[PDB]
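Kindly produce the complete structure, drawing on both the sequences and the hints.
Each chain is listed here by its residues.
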Amino acid sequence: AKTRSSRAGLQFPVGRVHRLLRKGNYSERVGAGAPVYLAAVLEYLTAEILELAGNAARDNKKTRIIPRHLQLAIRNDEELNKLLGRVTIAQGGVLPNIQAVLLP
Amino acid sequence: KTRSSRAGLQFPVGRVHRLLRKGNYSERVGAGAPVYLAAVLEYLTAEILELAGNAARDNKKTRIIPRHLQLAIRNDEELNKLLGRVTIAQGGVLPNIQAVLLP
Amino acid sequence: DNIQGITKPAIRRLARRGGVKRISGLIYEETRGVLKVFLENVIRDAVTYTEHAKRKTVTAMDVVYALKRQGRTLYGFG
Amino acid sequence: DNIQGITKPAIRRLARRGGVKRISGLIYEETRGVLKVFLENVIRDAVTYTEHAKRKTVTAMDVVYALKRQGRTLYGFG
Amino acid sequence: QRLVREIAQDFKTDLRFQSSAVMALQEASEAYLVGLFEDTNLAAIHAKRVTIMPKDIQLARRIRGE
Amino acid sequence: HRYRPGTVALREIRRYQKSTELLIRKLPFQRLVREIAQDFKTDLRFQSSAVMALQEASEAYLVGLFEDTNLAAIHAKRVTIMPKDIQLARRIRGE
Amino acid sequence: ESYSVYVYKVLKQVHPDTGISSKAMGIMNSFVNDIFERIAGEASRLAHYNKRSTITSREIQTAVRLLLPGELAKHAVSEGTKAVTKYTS
Amino acid sequence: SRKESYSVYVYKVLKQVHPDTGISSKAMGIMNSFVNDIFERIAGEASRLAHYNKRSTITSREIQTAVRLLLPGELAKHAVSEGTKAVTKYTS
Amino acid sequence: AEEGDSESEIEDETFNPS
DNA sequence: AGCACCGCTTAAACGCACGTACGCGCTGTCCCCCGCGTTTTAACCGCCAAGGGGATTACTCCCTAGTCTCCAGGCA
DNA sequence: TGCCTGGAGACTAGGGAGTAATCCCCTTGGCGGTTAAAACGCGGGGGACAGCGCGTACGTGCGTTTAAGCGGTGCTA
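Protein chains in written order, with full-length UniProt numbering: chain A, 15 to 118; chain B, 16 to 118; chain C, 25 to 102; chain D, 25 to 102; chain E, 69 to 134; chain F, 40 to 134; chain G, 36 to 124; chain H, 33 to 124; chain I, 934 to 951.
Don't read these hints as lab results, they were simulated from the structure. Every residue gets a Cβ at the ideal spot worked out from N, C-alpha and C, and that includes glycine. A portion of the hints provided could be inaccurate.
[Stated by the list, open to error] Only part of the chain B face toward chain C is listed, based on derived beta-carbon distances under 7 Å:
| # | residue |
| --- | --- |
| 1 | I103 |
| 2 | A104 |
| 3 | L116 |
[As the list claims (entries may be wrong)] Simulated crosslink set (DSSO-like; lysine-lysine; CA at most 30 Å straight-line):
| # | chain 1 | residue 1 | chain 2 | residue 2 |
| --- | --- | --- | --- | --- |
| 4 | D | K92 | D | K60 |
| 5 | D | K80 | H | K35 |
| 6 | H | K44 | A | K96 |
| 7 | A | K96 | B | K37 |
Quick look at the structure:
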């Protein structure tokens, strides 16, 4: 008895996404390829942000990923900064930036 | 008799009830809800039309125009806050000149 | 080059409606690029809605939906 | 009078994080008023959600929903 | 209209437009430019000037979030 | 030995753009918050994470406002920030 | 199908000897539709946070108090309360 | 009470792209909030697209249109490519 | 004793309920 | 209904001349914010205890979806 | 005005929400101790602001040119 995530080749679940689509007042009917497509998109976005977070963790000589590493990983990429331009991350800080006229 | 005659309103109640079940908001609309929402919409419509009628009488006219709607909305403290991100077509702007430009 | 069809007195007239008394000589070339970027974004979203709706004409409700997507609600063309 | 508890070194440290090198002597009374308008909007929305939920206790999800209503979208508290 | 059709040829070849669909674009574009100049004039007055510079336009688009 | 004015300021800019901790104390902010809240509903009770979220949002808002204040002060060809820069930033921002 | 005749019925009660253009009628139609969508969407959001399956006059009132300003929301709540009181009595 | 999460799935994604890297609970909560927010955005845009054309079923075409409107640049291209690759393998 | 150009009003006709 | 063509009119765009108000650079002054040292204060940690309300479960009433029939309100 | 399509009037069943009980978790209040941080002067160098001089870029005005409107007709996606 294989699942639908093993049949689609994904790591995110399909039945949970299908349950959240059917129990969220979005439409009357839900197609059979929509949670597979949406789980593929969410898995791609998760891997895309975790690659940059792991690169920041390797750059700052650490093993674990912290919200400062997540803040650097989001704000150092332009497309993620455009997608998440109205998001505040707790315990993430800011970017180092000093204007060229304030320093001699 | 209709429910708009029972409640004493002017906006309809059955059309609001139909748009509440039809537009996928909950597996259920309540009841007093279309009457309450029709009263709120009638009050807001009457306020907009009252200020538009005052702005239309202030310029010696008998027909409300989008410029009169623009002046009525932008010359009010709270309607400008409710409709701050709304662009009205053929409405124009408010006449104002900064005091550092006049001779 | 139809970006030059947006002439200099049209931009000057928009600045006179905006309350500007005196205009320099590069505001026109800045305003053409700003208008080009804004129109490219709105036309991209409107053509996306049109291609989704399986039509070939671009209606006005697609433009209203794209302006609502940008966050600029327009009353009158509904 | 607890808005005097937001002291001058705290506002100065927030301005040092903001990148400000030199600070005048009138910034503080403006910053306290801006902070006490932003609080008087977010706590108003949070107490409205709490007063709808038939609850004695203002939780954190009410605050997250009150910030989502204004376009802030805080992560880390559920 | 020629500008809108030229920049719309880049997304889908052989399209077709209505008249209200271009009228709404013109209304939105004029309102956007009028609001941009209304903020840019405040920038130029804060800079203690009367003439309007492109650095004022760039400051307005930076502080607004564009 | 004394530092020339600006060296300690840049040193504080560097260390507080490097650190990630909270800058406002917790008991004065909590006493401010509990006092503002009572003017909307009677008998308010608080969790810790609600105030912990309010403090994060408040400090993020203040840092994001001082950045545009610094931009206005640099545009005015100065270094010192002034309340008119805050008023210009909150006028252009849409508040 | 629209709200045009109802806008005429509201307009003839607050200003008797006046008229209105079709463009202003379309702007009022868009305004009524926008406020309907805002209040219905916020009342749909409020019913999900409490895990309820409906929408009620309390839900509509909570969506009115969150959305409208201070002096406007009080009169809106008062008019809606009077209208829902006259419906059962 | 038993509550839904995404922590084991984020851990399974993390142990493929970085075989030696940990993650803290605060970062896992930020990732859960990110997944929930992007889910709500795509589902709301798809439910808005389903009502304009007077349809009742949300399918992968509406999901693809909601992704294409919402993601900027080449990220939308790669998301459409990954989703089409995952839907193509499911039918076979 | 003095009046404006009617063309101003002609560009935006009144809503017809029919 | 949207696109393509055609003839006519005239109002708007373009180009050149010229003058003067303003943007920019320089200099002087004096106020005021910053680095530093000393003193006072309350924040933070640690521990303790009372009890109020979130949360869950069980029972029961009543409120709205569904169905059928009838008939008038509003849109061309 | 035609009329027809959507709104009203009864009736019933089933599950959704309203009430009561009780657990126990978590919020509030209090007392002491340490010391880090806030408060208060103080001298001085740097920057904000005012005054002045100059050259040029942008304004107003006139004559010529050009293409935007304004109709009429036709074909077809």
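Cross-check of the supplied hints:
1. With 7 Å as the threshold, the beta carbon of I103 (chain B) comes within range of chain C, its nearest partner Cβ sitting at about 5 Å, so the hint holds.
2. Restraint check, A104 (chain B) versus chain C: the minimum CB separation of about 3 Å is within 7 Å; hint holds.
3. A hinted interface residue such as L116 (chain B) counts as satisfied when its beta carbon comes closer than 7 Å to some beta carbon of chain C; here the least separation is about 5 Å, so the hint holds.
4. The hinted pair formed by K92 (chain D) and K60 (chain D) meets the criterion: a straight-line CA distance of about 19 Å does not exceed 30 Å.
5. A hinted pair counts as satisfied when its Cα atoms are at most 30 Å apart, and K80 (chain D) with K35 (chain H) qualifies at roughly 24 Å.
6. With a C-alpha separation of about 27 Å, the suggested pair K44 (chain H) and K96 (chain A) falls inside the 30 Å cut-off, and the hint holds.
7. Distance hint between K96 (chain A) and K37 (chain B) is unfulfilled; the C-alpha atoms sit about 35 Å from each other, more than 30 Å.
Checked against the numbered hints given earlier, this structure breaks only hint 7.
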